[PDB]
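Trainee: Chain by chain, the residues:
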Amino acid sequence: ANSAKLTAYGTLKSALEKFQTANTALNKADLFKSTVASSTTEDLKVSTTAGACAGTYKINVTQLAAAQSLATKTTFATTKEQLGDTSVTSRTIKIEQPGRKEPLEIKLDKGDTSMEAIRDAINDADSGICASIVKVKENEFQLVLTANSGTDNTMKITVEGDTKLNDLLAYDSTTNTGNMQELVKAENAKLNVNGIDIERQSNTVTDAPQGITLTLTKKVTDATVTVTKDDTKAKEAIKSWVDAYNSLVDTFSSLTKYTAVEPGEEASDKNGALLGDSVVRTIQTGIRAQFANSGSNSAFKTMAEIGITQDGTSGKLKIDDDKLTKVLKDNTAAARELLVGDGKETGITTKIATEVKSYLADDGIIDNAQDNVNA
Amino acid sequence: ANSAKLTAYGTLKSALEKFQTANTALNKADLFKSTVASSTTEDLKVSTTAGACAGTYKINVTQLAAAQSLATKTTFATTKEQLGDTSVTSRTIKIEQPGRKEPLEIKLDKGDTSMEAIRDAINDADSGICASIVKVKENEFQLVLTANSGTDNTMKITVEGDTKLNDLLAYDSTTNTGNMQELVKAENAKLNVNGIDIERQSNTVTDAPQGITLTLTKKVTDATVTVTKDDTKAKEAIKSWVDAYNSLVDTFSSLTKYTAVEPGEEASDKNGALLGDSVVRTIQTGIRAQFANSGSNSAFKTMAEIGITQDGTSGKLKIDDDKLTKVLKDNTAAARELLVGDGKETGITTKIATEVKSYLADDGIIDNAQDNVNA
Amino acid sequence: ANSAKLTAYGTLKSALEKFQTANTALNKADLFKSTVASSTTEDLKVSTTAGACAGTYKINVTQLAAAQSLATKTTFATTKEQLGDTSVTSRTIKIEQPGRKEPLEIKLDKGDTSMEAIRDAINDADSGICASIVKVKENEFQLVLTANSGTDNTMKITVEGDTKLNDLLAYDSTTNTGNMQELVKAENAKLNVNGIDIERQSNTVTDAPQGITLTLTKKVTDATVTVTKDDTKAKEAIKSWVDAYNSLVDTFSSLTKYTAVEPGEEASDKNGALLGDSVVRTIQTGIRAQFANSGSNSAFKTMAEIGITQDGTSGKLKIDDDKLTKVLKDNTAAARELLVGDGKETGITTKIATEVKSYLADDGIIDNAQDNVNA
Amino acid sequence: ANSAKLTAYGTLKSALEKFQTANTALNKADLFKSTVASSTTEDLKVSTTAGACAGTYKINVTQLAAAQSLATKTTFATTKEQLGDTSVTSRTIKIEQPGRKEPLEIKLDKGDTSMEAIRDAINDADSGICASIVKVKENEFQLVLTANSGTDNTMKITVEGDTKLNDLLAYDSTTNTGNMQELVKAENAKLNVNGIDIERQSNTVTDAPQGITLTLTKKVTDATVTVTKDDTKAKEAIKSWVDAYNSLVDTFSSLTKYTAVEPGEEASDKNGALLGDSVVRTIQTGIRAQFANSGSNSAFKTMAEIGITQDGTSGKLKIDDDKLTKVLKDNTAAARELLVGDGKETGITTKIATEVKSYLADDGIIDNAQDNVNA
Amino acid sequence: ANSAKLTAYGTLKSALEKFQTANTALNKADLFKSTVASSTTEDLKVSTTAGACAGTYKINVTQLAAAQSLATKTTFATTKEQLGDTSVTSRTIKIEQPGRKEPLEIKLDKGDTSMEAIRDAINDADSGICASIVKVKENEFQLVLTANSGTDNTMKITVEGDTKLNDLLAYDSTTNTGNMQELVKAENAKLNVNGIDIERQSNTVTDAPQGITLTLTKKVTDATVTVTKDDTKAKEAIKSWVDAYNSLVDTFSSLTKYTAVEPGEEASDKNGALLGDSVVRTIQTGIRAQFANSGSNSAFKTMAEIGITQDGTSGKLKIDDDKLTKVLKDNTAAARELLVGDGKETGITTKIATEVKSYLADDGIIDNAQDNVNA
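Protein chains in written order, with my numbering: chain A, 7 to 381; chain B, 7 to 381; chain C, 7 to 381; chain D, 7 to 381; chain E, 7 to 381.
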């Protein structure tokens with residue numbers, strides 16, 4: 007007798023957890039301000055997440071971003087040949103960049119003055135400089151050191167403790183003098199969006215309109231980027247939450263299912279163990295009150311106006327898909343305020359999340375019911 | 007004995023409901039005036055639903071539609087900095103557009119003069135103006151307000167209650183004066199179709215020929231849009247309705263199936279419980295008479311001329327696909343009048359829909375039979 | 007005992023029906039003269055069915071076909087506004103075309119002088135004229151009437167019974183005068199194929215070489231259309247006929263299968279009930295004799311030369327696919343005459359079809375056997 | 007007892023037949039000289055089978071091949087109209103071509119002087135001339151006769167027995183005089199491959215390098231066709247043969263499988279019936295001797311050097327795929343000689359095929375064993 | 007009882023072998039230095055394996071590589087005709103190349119002076135020269151000999167023992183004199199990458215930056231090749247190793263599973279036979295200490311900081327995928343040192359590989375346990 011009650015309690019808890027997970031998935035409001043963008047050219051790339059003013063942008067990519075890469079002035083026999091003094095036990099390589107707070111220091115050992123060793127140490131630094139070796143032809147090799155993109159990453163190199171390695175790797179970017187040689191010079195990205203000039207370090211421009219991120223593969227002219235509203239994710243989330251509510255109420259009805267029996271007959275095992283439970287009735291009444299919104303500033307106060315209606319017998323909400331789509335498309339802000347609102351007290355999603363959290367909160371009605379049952 | 011009769015009644019009701027659903031799906035008549043269109047270029051897009059004169063249109067997209075977007079004249083330190091007086095408790099922002107009946111008013115609070123707050127309020131208005139923030143570079147920000155497409159949506163902005171915010175957001179489009187600056191100027195879409203000039207607000211042109219909707223991604227010249235008649239949807243609907251009628255008559259024959267038995271033997275359960283019933287015979291006779299169309303203006307006076315013939319033993323219709331396709335292709339209006347007609351009195355589909363609805367209507371022969379049986 | 011005989015007779019009848027159906031599918035000889043075509047450009051489209059001289063055609067599409075479409079000289083307030091006298095009870099619209107035997111007459115009612123009503127009536131005519139409405143802008147509407155393609159479809163319009171509608175819709179194409187206005191003027195399609203000029207009405211040219219149908223989407227110059235022989239359909243049909251014969255012979259062998267048993271044992275049910283039957287032996291002997299052709303003018307007299315040989319024990323044909331492909335590719339007309347010939351007495355497919363039909367014909371040996379068994 | 011022995015003999019024979027089939031599939035050596043080609047342009051097409059010198063060919067398609075097609079000088083009313091004398095019972099049409107050994111003769115009947123009849127007869131000739139009918143417009147028709155590609159197929163036509171048909175179809179290509187008229191003039195294909203000029207009749211060039219076949223869809227300039235070595239087919243065949251040998255030895259071990267039993271116990275039915283058989287041991291010893299190649303001129307004497315090693319317990323070969331690929335890629339000729347060689351006495355595949363055919367041939371060890379068993 | 011213990015030992019050994027295989031698969035460290043490259047043009051092809059400096063390279067393909075191919079000066083009747091003296095029993099063909107250590111010698115027999123025989127012998131030599139036959143037209147043939155790509159493979163040919171074959175095949179590349187003729191002249195590949203000129207023999211350039219391999223299909227200008235860091239392989243390997251450890255711990259817990267039973271009851275079969283085993287506890291403690299690694303120079307001293315945490319009850323690791331991705335993306339060298347390090351003494355993967363190898367090493371704790379059990 008009590009085992010069936012405990013099993014019903016566990017099933018109800020599992021269903022409530024699933025419904026809470028679905029509602030939490032619905033909670034985030036970035037889906038309502040969802041846009042989709044496209045461009046005429048295949049060079050420019052566009053990505054929009056939220057907060058994008060739907061419209062048309064004439065995006066001109068007047069420039070791309072180049073890193074800085076430097077190379078030695080001397081070719082060598084191979085990689086393993088020594089490029090510095092072997093009598094010196096240790097030495098330091100110092101690289102100064104305007105965009106870093108403190109200079110970069112690399113410690114080099116006694117016999118590790120081979121281009122392979124220098125390259126491995128510098129690539130192990132992992133602070134915006136990367137090393138490579140260039141094989142021009144047979145019996146020729148060069149060392150190449152590269153920065154990241156932007157004029158804030160031009161670099162000035164010096165060596166302390168050694169003199170030959172300082173005769174090799176010393177470069178001064180501020181004075182444009184050094185023992186290395188410049189391969190690739192650093193530049194900034196520059197574009198024009200709807201009459202506003204935008205400058206960036208890299209080629210991933212993110213706040214020309216705040217909310218739209220561009221990618222500059224090639225220089226383009228008068229490329230049209232069109233951004234439109236979108237709610238397919240919004241409607242999919244709405245239907246997912248509706249189906250989760252349907253599953254939850256179906257589980258509640260099954261746990262509260264009662265089968266008519268003849269007088270004097272034995273109790274059927276098909277009967278739900280949650281018949282006449284105060285917690286179930288309280289939770290269902292709270293959710294039903296959540297259905298008819300109060301305190302919202304939206305024009306539509308209920309999804310009955312939106313088009314979602316709950317059948318009494320089945321307990322499953324049925325969606326008027328076309329009318330819901332019309333409501334979402336015509337007035338986005340009204341639906342968003344109805345479901346989200348300020349996010350603290352108003353908004354159907356917000357209030358339902360708060361109510362379900364309170365129901366599942368510690369020392370709540372569920373915890374008290376469990377304590378009473380286990381007592 | 008009576009339980010079998012009730013089961014047969016329920017099965018007949020379900021079969022008739024399915025047939026009525028299929029017939030109602032068939033009832034929609036725009037499928038006969040179905041066309042399909044295509045263009046030479048991939049810039050112009052075309053969509054045709056109904057009422058399109060099949061032919062060739064030389065469509066020149068001489069212009070596209072631009073919205074209006076405005077921006078402030080001052081750059082600021084960040085978003086959260088205040089842009090208006092803090093001693094003022096509340097204020098009003100008024101936007102006047104020719105295409106709206108009443109002006110747009112936005113209420114701004116005391117400490118909410120930050121570009122984020124203004125942007126959120128204006129995007130919450132949801133009346134054809136959208137707000138965004140532009141990050142030119144580090145320690146630079148702009149506010150951008152955008153309209154919709156068309157010269158009917160140019161806007162004039164003023165502020166009541168505050169003076170700094172009025173020194174910021176006030177624009178006058180009629181006089182081309184203001185405190186903001188124009189980024190994108192509004193224009194109308196203009197195209198030429200078969201020698202007729204068409205002007206629109208947006209870039210979705212819908213009534214150049216009434217029934218064909220164009221989409222203007224790029225300016226195109228002498229693009230050929232060819233529109234041809236189509237009946238694949240029509241023939242698919244015809245086959246679907248015929249197969250639904252086949253299923254209906256198969257269910258009827260099963261419910262009226264009589265198996266030969268030796269005299270004096272018990273009643274077989276395989277025998278349909280609907281044997282010798284007036285309702286079934288009356289409905290079948292009515293449908294059969296509906297097949298023999300009367301009063302239609304079409305040249306073909308019967309659906310048998312089309313090519314679909316009903317087998318006597320099975321009762322399920324078989325379609326001569328080639329002859330039906332020939333009839334549909336050669337004379338579309340004749341077939342449409344034969345099946346649809348004026349939509350009130352004549353037409354095979356219209357007569358059949360009316361008859362089946364009357365059979366399934368409340369207080370009809372089926373409801374009377376149910377009342378008699380349940381009594 | 008006799009039940010097994012009847013079952014075997016029915017199985018043989020079904021197998022013979024299937025073989026006859028497959029042979030009838032094989033009978034048609036258009037597959038032997040099968041070609042496949044292609045073009046260099048994607049504007050021109052090509053379709054070849056039969057009787058096409060394989061080769062190369064330099065096809066120049068010097069012109070396309072334009073229909074004729076006319077429009078009114080006056081714009082109106084809307085569709086529902088009346089266009090003619092309301093006191094007149096009925097009136098007639100007459101359209102004369104050179105390509106039609108009798109003029110087109112449309113009857114218009116008393117209060118049905120709205121552009122919607124005229125448009126619906128003319129589209130209901132369904133005689134090569136279609137009606138549409140054009141919305142230039144707000145509070146502007148036009149009526150447009152369109153013909154089909156070709157100079158044989160230019161039309162002359164008049165109205166009898168009414169004077170205002172005659173002031174609206176009257177056009178004279180012969181004199182180029184009227185109350186309507188010309189939008190699209192009619193032209194003929196003109197192309198050049200292998201030095202021969204071809205003229206057509208529409209843009210579907212079908213007899214430049216008799217057997218090849220072109221489609222003219224855009225004007226093209228020196229497009230090369232290459233047409234080659236093809237027998238993949240012929241090969242697949244040959245395989246299908248061979249497999250059908252294999253199935254038929256397997257069914258015959260099963261119905262004539264005899265299982266060795268010890269003397270004095272009972273008759274096995276595995277034994278075919280068609281053992282020692284005159285009709286079955288006669289049919290099999292006829293098929294075996296017609297396997298090798300007599301009276302054919304082809305160099306090869308049997309498919310044993312071609313490569314298809316019947317196994318002794320199983321009786322199912324096995325195909326030497328490589329040798330059959332070689333025979334088909336090297337000599338097409340020889341194999342065609344060998345299978346088809348004149349189509350009356352010679353040709354293996356034709357005379358086999360005749361023999362099988364005579365076997366299955368009414369009052370034939372099969373029907374006589376059925377009558378004798380049922381007697 | 008003997009039934010199990012016969013079943014084991016049959017299973018061994020089936021396994022040996024399958025292994026022999028796999029070895030015969032492996033036998034052909036064209037897989038070792040396998041190349042793959044590609045081109046820069048999509049006009050030129052390339053196909054390589056064997057014997058192709060891997061490298062780069064600059065192929066210039068300076069010309070394509072045109073057939074010859076002729077047409078009559080008179081247009082007619084239709085096809086069924088007679089084009090020749092009806093009093094003449096029969097007549098001859100003679101076509102002479104330089105590329106044919108004997109002239110082409112067509113016999114025409116009394117009333118068969120219709121363009122349809124002439125066309126059908128000439129298409130029935132099937133000797134490089136094909137007939138077609140051209141419908142210029144209404145009440146106009148032409149007859150067109152076409153050759154194949156190459157200047158060796160220009161044709162000269164005359165008629166014996168009739169005068170009108172000779173006034174119609176007589177053409178002289180040598181003197182460029184006739185009653186027909188030329189539509190398409192015959193030309194030869196000309197291309198340049200790696201500085202060598204190649205001339206052909208058709209547009210399928212096959213021996214510019216002997217082993218590479220080109221296809222000339224359009225005139226191309228400086229198209230680079232690169233041909234590289236390939237062994238994916240070779241390695242796949244090697245794996246297939248190795249797995250076939252694995253299956254064969256697995257079957258042998260199953261038929262020679264022995265299970266240990268306790269003293270005094272009954273013989274296990276899981277034991278193979280081929281335990282201690284002279285034929286099996288002899289065949290396996292011969293195969294293992296073939297594994298250790300002798301007389302080969304290759305640097306490698308065994309696939310153990312290549313990477314394929316035979317496990318003792320399972321008896322199935324295990325392949326070092328990486329090492330086998332290395333061996334195949336580095337030295338193709340060495341592996342080819344090791345497996346194939348001259349194809350008569352040396353080569354592992356050759357010797358294995360000879361040994362297996364000798365084992366499975368009539369009067370062989372298996373046939374002798376079966377004869378002894380039947381004795 | 008002991009059979010269950012042996013089965014548990016075998017299961018533990020199999021699970022540990024699988025975990026060792028997975029950890030050895032993870033042991034390879036070049037996955038951490040994984041990059042992905044792309045180009046703007048479709049001609050140039052790019053591949054990257056490891057050690058690639060992420061950035062942008064402007065690659066100009068100023069030249070491609072051509073092999074050398076030579077041909078005879080005389081055309082012949084066919085292939086089988088003899089091209090040399092028949093009285094000479096044997097002769098030698100000598101080819102000298104700068105890029106080979108010793109000259110190439112081909113031995114030719116008495117009657118084997120046919121172009122087919124010479125071609126087959128030279129293609130059988132397989133030392134960078136390949137032979138082909140060219141059919142210019144009917145009754146014309148040429149022999150063509152081709153080298154490989156690069157000026158180091160120009161070849162000089164002479165014949166010893168014969169005078170006619172030496173009159174045919176003798177070429178001198180150094181002096182540009184000979185009896186053959188040059189078809190294709192040899193050249194070197196030349197490109198420019200980020201201001202560094204690169205020269206190669208073939209068209210597969212591999213060390214312009216050491217780590218990026220280019221393929222030069224066509225001459226390209228200012229092609230941008232962008233190379234970015236990548237860790238999808240890294241994260242997939244990490245997750246695969248984590249799941250392998252999870253499965254290993256699940257197997258361990260199954261072999262150490264203990265089920266609570268009533269006192270005096272029989273031992274459950276579900277209880278693992280490895281309960282209270284020193285080897286299992288030692289291995290698990292060692293591996294758990296390996297996660298809590300010491301001596302690593304990485305900023306994160308524990309893998310738990312990355313985001314992968316082991317549940318006590320289940321023993322299977324749960325991965326914080328987002329935090330793992332952030333850790334890998336932000337600091338690649340730190341994670342690499344944490345897992346790999348120098349590869350000898352530090353690095354979690356290195357420590358775990360050493361520990362598991364020692365556990366599974368011969369004469370180890372597992373081998374000693376097996377020896378004790380089998381004793």
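What the hints contain is simulated information worked out from the structure, not anything from laboratory work.
Mixed in with the good hints, there may be bad ones.
No distinction is drawn between identical chains; accordingly, a pair holds when it is met within one copy or between any pair of copies.
[What the hints assert, rightly or not] Simulated crosslink set (DSSO-like; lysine-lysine; CA at most 30 angstroms straight-line):
id : residue 1 : residue 2
1  : 64        : 86
2  : 162       : 79
3  : 191       : 307
4  : 357       : 113
5  : 239       : 363
6  : 79        : 39
7  : 350       : 143
8  : 64        : 79
9  : 224       : 363
10 : 86        : 332
11 : 39        : 116
12 : 39        : 322
Trainee: Given identical chains, is residue 224 near residue 363, meaning Cα to Cα at most 30 angstroms, within a copy, between copies, both, or neither?
Mentor: neither (50 angstroms within a copy, 52 angstroms between copies)
Trainee: My question is about residue 191 and residue 307: at a cut-off of 30 angstroms on alpha-carbon distance, are they close within one copy, between copies, both, or neither?
Mentor: Answer is neither: 61 angstroms inside a copy and 38 angstroms across each miss the 30 angstroms cutoff.
Trainee: When Cα atoms must be at most 30 angstroms apart, do residue 239 and residue 363 count as within-copy, between-copy, both, or neither?
Mentor: Cα proximity of residue 239 and residue 363: one copy only (24 angstroms, versus 40 angstroms across).
Trainee: Using 30 angstroms as the alpha carbon limit, work out where residue 79 and residue 39 are close: within a copy, between copies, both or neither.
Mentor: Between copies, since 27 angstroms is at most 30 angstroms while 55 angstroms is not.
Trainee: Checking an output row: residue 39 and residue 116, CA cutoff 30 angstroms. Within, between, both or neither?
Mentor: The answer is between: 26 angstroms across copies meets 30 angstroms, while 60 angstroms in one copy does not.
Trainee: At most 30 angstroms between CA atoms: does that hold for residue 39 and residue 322 within a copy, between copies, both, or neither?
Mentor: within (28 angstroms within a copy, 39 angstroms between copies)
Trainee: Checking residue 64 and residue 86: alpha-carbon separation at most 30 angstroms within a copy, between copies, both or neither?
Mentor: Answer is between; shortest inter-copy Cα gap is 28 angstroms, intra-copy 54 angstroms.
Trainee: Under a CA distance limit of 30 angstroms, which applies to residue 350 and residue 143: within one copy, between copies, both, or neither?
Mentor: Classified as neither: same-chain Cα gap 68 angstroms, cross-chain 34 angstroms, threshold 30 angstroms.
Trainee: If the cutoff is 30 angstroms on CA atoms, where do residue 64 and residue 79 land: within, between, both or neither? Let me know, please.
Mentor: between (45 angstroms within a copy, 20 angstroms between copies)
Trainee: 30 angstroms Cα cut-off: does residue 86 pair with residue 332 within a copy, between copies, both or neither?
Mentor: between (72 angstroms within a copy, 29 angstroms between copies)
Trainee: With identical chains, the pair residue 162 and residue 79 could be close in the same copy or across copies; at 30 angstroms between alpha carbons, which is it: within, between, both, or neither?
Mentor: Answer is within: at 16 angstroms inside a copy they meet the 30 angstroms cutoff, but 40 angstroms across does not.
Trainee: Classify it for me, residue 357 with residue 113: is the Cα-Cα distance of at most 30 angstroms met within a copy, between copies, both or neither?
Mentor: between (59 angstroms within a copy, 25 angstroms between copies)
In this structure, the earlier hints numbered 3, 7, 9 are contradicted, and the remaining ones agree with it.
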